[PDB]
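Enquirer: Spelled out, the chains give:
There are 2 protein chains.
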Amino acid sequence: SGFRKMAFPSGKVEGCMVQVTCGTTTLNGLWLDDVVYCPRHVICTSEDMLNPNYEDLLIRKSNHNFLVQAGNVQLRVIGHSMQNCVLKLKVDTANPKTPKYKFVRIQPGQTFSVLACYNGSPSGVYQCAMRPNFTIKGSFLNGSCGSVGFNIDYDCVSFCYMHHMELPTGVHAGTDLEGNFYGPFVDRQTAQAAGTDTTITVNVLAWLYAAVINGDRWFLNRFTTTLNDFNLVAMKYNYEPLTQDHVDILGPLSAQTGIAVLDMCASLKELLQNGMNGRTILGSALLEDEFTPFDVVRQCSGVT
Amino acid sequence: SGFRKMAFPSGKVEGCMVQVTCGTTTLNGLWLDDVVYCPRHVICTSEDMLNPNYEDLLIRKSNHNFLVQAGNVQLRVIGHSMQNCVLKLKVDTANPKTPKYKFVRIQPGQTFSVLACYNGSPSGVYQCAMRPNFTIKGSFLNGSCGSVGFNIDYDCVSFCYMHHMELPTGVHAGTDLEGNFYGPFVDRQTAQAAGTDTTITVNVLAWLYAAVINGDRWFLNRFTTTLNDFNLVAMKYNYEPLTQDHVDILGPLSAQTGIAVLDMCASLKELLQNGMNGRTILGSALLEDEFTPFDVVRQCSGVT
Ligand SMILES: *CC(=O)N1CCN(Cc2cccc3c(CCNC(C)=O)c[nH]c23)CC1
Ligand SMILES: *CC(=O)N1CCN(Cc2cccc3c(CCNC(C)=O)c[nH]c23)CC1
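Same order as they appear, the protein sequences are chains S and F.
Here full-length UniProt numbering runs 3263 ahead of the position in the first sequence, where the first position is 1.
Here full-length UniProt numbering runs 3263 ahead of the position in the second sequence, where the first position is 1.
One thing to keep in mind: the hints can contain errors.
Because identical chains cannot be distinguished in the list, a pair is counted as satisfied if it fits within a single copy or across any two copies.
Within a straight-line C-alpha distance of at most 25 Å, the following computed DMTMM-like cross-link-like pairs (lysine to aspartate or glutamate) qualify [said to hold, decoys possible]:
| id | residue 1 | residue 2 |
| --- | --- | --- |
| 1 | 3365 | 3297 |
| 2 | 3351 | 3311 |
| 3 | 3324 | 3508 |
| 4 | 3400 | 3503 |
| 5 | 3365 | 3277 |
Honestly, the hints are just simulated from the structure, not real lab data.
Construct all of the structure, not just a fragment, from the sequences and the given hints.
Expert: As C-alpha cells, then:
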C-alpha cells in the first residue's frame, strides 16, 4: 500500500537523449533510429526569438551546422527538415539503444512522465498531467527544451510531449513528436494566453478511489448525487463536467471498492462545498487531479 | 522555473534489477558486479514469517535453490551468505550494466529516489525522504521487496535503501545495502512501533526558499525570530529543532534570495501558528518537508 506521484522508469528514454547545438544555442534532442528530433527554435538566437521566420532561419543552416552529441560521441548529420515546430536531423547511425516506441498525441487530462534534461544529460524524472488548457505545470530551466514526456506500456515507449517554452506565467508549453503544439501556443517570445484551466474531475474521483483502497476513508458520506446535480457543483468550482464516458472509465475502481461512482461524486461534492476542514487525503491538503483512473489501477495492482 | 517532486533518472538502477526466487517466494534483487543483493526473507514462507530463525532457514538452502533471473537470462549462483538482513548471492557473471556505485547509509531527513519493482521488472520511480523516525512513506505492494532507494551524483549511484516491509500502519521499513535496518525494525511479522515522527524543519525552510525563487512569496512577512524562539514553536508543532548546522546548510539559498535564514524562520513560524488560510505554496496546501536544501539548489540551478 501507499500512494505516490510515480513516474515511469526513465531508462529507455535516457538512452535516446542527445545534445543538439546550432550556432550558440544548445538544447536536447531525442535520437530514435537514424533521426534526432528537437525543437526548431534550436536555430534561433535571442535576437530572433521575438518574431522568428523559421523557414528563412533554417535556410541559412546546413547539416554541418547541427552539432549532435550523444554523451561523448558525435553524430554525423546527413539530412535536416522542419515538420511543424520540430526539426528532424537524419544521422548516419541508428541509435543502438532505441526502444520500441510510438509517437502519440495525448488528450487533455491524461498523464505522462517527463525526463528533464540539460545538454543531453538527464537530470530528473517527474509525473505531469496535460492540463485541460493544454499547458503542463513542469519544472524546466533554460536548456531543458527538447526534454520529452512519455508513457511506457511494458516494452513500448509512447512519446507524447517535447518541451518548447515557458509562458510568462511560469507554466509550460510544448508539442507532440510531430511538432504540433498542444494548445494555442506558438514558438515565439510573445505574450500568450493560456486558457482558463479546470480541475480534471475524473482524476480527482480516481484519486478518491485510491484513497479508499489505501485506507483514507474519512471523506466517504451517506449521500449520493446525479450527474446533473454533480455538474452544477463542478461548474461552480471550475471542475470539468463529468460525462458517462468518465463514469465508465471509473467502472473498475467502482467495482473493486464497491462504491458507486455517483456516491463517490457525492463525497467529492461535499469536499468541494466544505473544504477538507484541515484534514488530508493521501498526504495531500488539496484535491489531487494528476492521477488518471488508469494510473490508480496500475499503482494499486502492481503493473510493470 | 516550476517546482516538482523530482526523482533521479532510474536507468542506471533498472540495469541492476533481477528477480530472485527461493522456493515459492519471489522478490527483487540488485545485481552489482558478481553479487546479487536481496532481502533475506526471500528464504521464508508465510508459515515462517511470524518468528523466523533465519540462520536455520538459510541452512536448508543451497546455491541451486536461489533462482536469479535478469530479465530472461538465468544467473548461475556460486555462493550465498547472509549479512545482517540481506542475502548476497555470488553469481558467475559480473553485471555488464553495473554503474559506478557506492553503498551509503543515509541520515534521517535526507531524500532519495525509489525504483519500485515487481518480479525484477521496474514499474515506477518516485522521490522519498527517510523520515526522522526511520520509516519511509512509499508506494509498495507485495512483491516490491528488494526494490532499492538511491541518489545519483553525475555517474555514481549511491544505494542507500532496500525495501523489506510494510508496518501494520502502512508506512515502510527497510535496510541500508549492508542489511542493517533503518530504525528499530526487525524483519518479522510482528507489531512494530514506528517512533513519533517529526517534520523535517530544514527541508520545509529549503522548500520555502524554492517557493520564493519560483515566485510564490505571499508568506514572506516583516518579522524575524531567533533559533530559541523558533524552536519553542517547532516543539509545539512537532518540527525538528533547528540547529546552526541547519542554518549553515541553508546559507547558499539565503545568499541567492537575500532572505536571512531567521527571517525565513519567522515566515515559517507564522505559517505554523496561522495555517495557510486556504492558499497554496508551490501547488501544495501543506508545508512540504521532502526536499532537502541540496535538492532545491539542484532543481533550481539545473544539475545533471
Ligand atoms: C526550454 C528552453 O531551453 N528555453 C530557452 C529558449 N527559449 C526560447 C523560446 C522558444 C519558444 C518560445 C519562447 C518564449 C515565449 C514567451 N515566454 C516568456 C517567458 O516570455 C520565450 N522564449 C522562447 C525557450 C525556453
Ligand atoms: C515487500 C514485500 O514483497 N512483502 C511481501 C513479504 N513480506 C514478508 C515480511 C518480511 C519482513 C517483515 C514483515 C512483516 C512485518 C509486519 N507487517 C504487517 C503489515 O503486519 C510482515 N510481513 C513481513 C514483506 C512485504
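Enquirer: Decide, hint by hint, whether the structure agrees.
Expert: To see whether the hints hold, each was checked on the structure:
{"no.": "1", "hint": "3365 / 3297", "in the structure": "within (15 Å within a copy, 36 Å between copies)"}
{"no.": "2", "hint": "3351 / 3311", "in the structure": "within (20 Å within a copy, 59 Å between copies)"}
{"no.": "3", "hint": "3324 / 3508", "in the structure": "neither (48 Å within a copy, 53 Å between copies)"}
{"no.": "4", "hint": "3400 / 3503", "in the structure": "within (18 Å within a copy, 31 Å between copies)"}
{"no.": "5", "hint": "3365 / 3277", "in the structure": "both (16 Å within a copy, 21 Å between copies)"}
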